[PDB]
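Single chain ahead, by itself, as C-alpha cells, in the form deposited in one PDB entry.
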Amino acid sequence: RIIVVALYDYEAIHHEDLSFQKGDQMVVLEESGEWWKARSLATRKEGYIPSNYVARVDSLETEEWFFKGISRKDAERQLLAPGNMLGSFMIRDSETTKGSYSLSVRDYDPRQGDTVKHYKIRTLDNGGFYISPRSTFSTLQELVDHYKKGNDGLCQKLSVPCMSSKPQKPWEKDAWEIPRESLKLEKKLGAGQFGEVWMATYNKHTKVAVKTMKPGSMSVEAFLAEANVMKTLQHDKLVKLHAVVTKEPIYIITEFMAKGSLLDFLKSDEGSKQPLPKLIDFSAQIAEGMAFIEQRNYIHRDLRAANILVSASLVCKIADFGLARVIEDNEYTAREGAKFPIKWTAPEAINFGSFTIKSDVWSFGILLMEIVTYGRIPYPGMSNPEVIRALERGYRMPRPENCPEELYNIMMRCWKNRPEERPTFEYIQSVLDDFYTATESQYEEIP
C-alpha cells in the first residue's frame, strides 16, 4: 500500500481518468511513466492519474511552501517573477548538502535591488531542523511559522509562499506516433523554407504547436530514428517534443510557446524593453539547455536566436535541436535556397562539415551578440564572403554598446578559431548563472 494525496484540480481528459478535488487521497497501483495507475478511496472510482498532480501523504510535497525538484537557479527565477512580494519564500531540497534543505527568500535593498537570499536548513541528528543553533524546530512547518512572525536574523520576515501554477498535464500514454486526424490545425504561426508551424488542438483537449514539414524534406525512417533520440532530451530549457506523425508530410508536435521566437521577442515592443540583467538571464537559460545537450553528447547544429522559443512566463527553450541533421539535400529542398547560415556557423563546420558541440559553442557566441543587440543581424555591413575572410584574419565582431565586458569575453572565447580552445557549455553555464553574484557567498551566514 503506497498512499498519495492530490495537490491540484484535475478532471477526465482520456479514457479512464479520475476525480481530483484539491485534497483527495489515493493509493498507487503502478508507476510507469508520468501517468500512474491508482485507486481512490473517495467514492472509489478508478483509472489513471497524472503523477505531477499528486504527492505522498507524509512528504513535504503537500506543503504550499515546498518546491520539489527545482534547482537554486530555478528558485531564484521563480521568486523574482512578478506577483511575488518582499519576503516571498520557498523551501527546497538542498543542492549542496544531500538530504538537507534550503530556504530561499525574496529580499530588496536600494543597492542591489531585487535579490533572493538562501539559507541552509540543517537537520538535527535526533530529529528536527535549524538555521541558527539558538532556534531549533521539530518540523519545517514550525520553522516557517517562526520566521513568518519575525525575521530573527533572516533578511526579511517570511510573508507568503512563492507563487506557482498548476503544472502541464503529462502527455497521453503511448501516444508517440499519432494519427494525423488527431490534430486540428487552427492557426498558421509562420511559413519557413522547409515547412510551416501551426497552433493546433490535439484530440479536442490539448493546445500544442505542430511543425509541418514539406513533402520531400525528410525521410520517415531517418526522421523517426532521430526523433526517438530527441524525445529523450528532456530538460526545462529544451522545448518538449510530445509526438510525431510519421507519414509525409511529417508533423512534429511540441508544447506551445506563447511568445514565439526569441529573435521575434527581442524585436517586439515588450522584448525590446527587457533590461540587461534579464538579457543575461536569457543567455544563462539557453546555456543551461546547451550544457544539458553537451552532457548528453548531442549536437544542435543550428543554434541561433531564431531557434530559441519564449514562454508566456519568459522561459527560454531551445528548439530544432538536431533537426538540420534529418533535413535532406535533394532537388526538392534545393528549390528553396540556402540551408544553413554562414554568419552563425563555425569555420570548421562551413569548411569541412565538422559539426560538433564545439561548433555549437561558436554559434552560442553569435547568439549572445544577437541577444545583447536585441536581434541585430550578425556582422552588420558585411557580406558572407567578407565575414569568412575577416574571421580567418582574426577579426571578430567588436563589443557593442550596453554589453558588459565579461559577456563579450565569453563571446570571444566561443569564437576561438580552433574548436578545442572553445569553452564547454558547462563552463559557460557557470559563468552566466553567477554573472552578478560571482564575488558573493552561496548562503547567508546568519548568526
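Positions refer to the first chain, counted from 1. Just so we're on the same page, rigid core means the largest C-alpha set that superposes within 1.5 Å between forms. First, how it differs from the form deposited in another entry.
Only one candidate in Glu46, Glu61, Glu406, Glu31 has its Cα displaced by 2 Å or more between these two forms after core superposition: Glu31.
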Second form
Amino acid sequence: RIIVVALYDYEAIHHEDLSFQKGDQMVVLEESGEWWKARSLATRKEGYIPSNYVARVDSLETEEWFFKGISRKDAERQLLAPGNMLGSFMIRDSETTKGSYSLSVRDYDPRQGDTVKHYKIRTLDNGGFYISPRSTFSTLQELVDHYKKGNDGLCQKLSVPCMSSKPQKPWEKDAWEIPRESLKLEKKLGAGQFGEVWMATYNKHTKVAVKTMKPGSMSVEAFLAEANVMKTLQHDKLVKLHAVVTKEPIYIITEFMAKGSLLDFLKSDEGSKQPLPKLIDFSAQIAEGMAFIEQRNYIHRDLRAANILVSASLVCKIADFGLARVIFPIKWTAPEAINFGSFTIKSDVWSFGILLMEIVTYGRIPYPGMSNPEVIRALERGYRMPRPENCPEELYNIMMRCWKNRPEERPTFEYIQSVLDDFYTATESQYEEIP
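I have the form deposited in one PDB entry already, so could you send the form deposited in another entry?
Coming up is the bare chain, nothing alongside it.
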C-alpha cells in the first residue's frame, strides 16, 4: 500500500485523469511511467495522475526547500531567478557526491553583486548531517531551522526556500502518433522553403507548436525512422517533441516556446538589455544541450541562433535537431562539410563558435559585409572574425578553438559547457568550506 501526496494543484483535462489539490493524498494502483493510476483519498475517485506532481508521504521531495535532480548550475540559475532574495536557499542532491546532499544559498557582495554559494552537506553514516564538523543535526529540517536563526559560518542567514514552478504536464498517454483532426492550427508563426510553423491547440486543452513539412523534400519513411530517434533525445535543453502526424503532409508537434528564436530575441528590445553574463549563460545552456547530443552520439547539422528557441523564463532550447539529415547556410558551416560534405559532432563545434559570435553581437550576421563564396575564400587563407568590443578575450579564445581547420583539434561540447558554466567562478571557489 503506497501513499503519495500531491506537490502541486492539478486540473484534469483528459478522459480519465484526476483533478487534485496540493496536499491531497492518494493511493498508487499502478506505476506506468509519466502517468500513474491512483485513487484520491479525498474524492475516492480512481484515475490517472502525473507522476512528477506527486511524491511519497514525508519523503524529502515533499519539503518546500528540497529540490530533486538539480545540478549546481541549475540551482544557481533558479536562485537568481526573479522572486528570490537574500538568504533564499535550497537543499539538493549533490552532483559530485552521489547519495549526499548540498546546500545552495543566495548571497551578495558589492564587487560581484547577487551571487549563489554552495555548501557540501556531510552524512554521518549512522547518522545525521553537518556542514561544519562542530555542529551536527539529526535531520535536514533541523539543519535548516538552525541556519534560519543565523549564518553561523554561512555567507548568509537562511531565509525562505527558492521559488519553485509547476512542472509541465506530461503529454497524453500513448499519443505519439495523433490524428490530424486533434489539432487546430490557429496562428502562423513563420513560413519557409521546407514548410511552416504554427501555434496550435491539441484536443482543445493543450497549447503546442506545430511544424508543417512540405511534401518533397523529404522521404516519409526516412523521417518516420529518424522521428523515433528524435523522441528518445529528451533533455531540458532540447525542445520536447510531443507527437507526429504520419500522413503526408507531415506535422511535427512540440512544446510552445513563448519568446521564439534566440536570433529574434537578441534583436528585440528585451534582448538588447541583457548584460554580458546573461549572454554567456545562454551559451552555456546551448552547450549543455549539445553535450547531451554529443554524448548520445548524435549530430545536429544546422546549429545557429535561428534554430535555438527561448522560453518565457529565458531558457534556451535546441530545435531542429536531426532534421537536416532527412532534408543558406554556409557561414555557420565547417570547411570539411562545405568542401567534402563531412558532417560530424566536430563540425557542430565549428557552428557553435559562430553561434557564440551571434550571441555576443546581439544577432549580427556572421562575417558582416562579406559574401558566401567570399567567405570560403577567406577560410582557405585562414581568416577569422575579429573580436568585438564587448567580447572578453577568454570568450573569443573559445571561438578560435572552435574554428580550427583541423576538426580533431576542436574541443568537445562537454569541455565547452564546463568552461562556460563556470566562466566567472574559480574552480577553488565552486563550493565553500567551513571549519
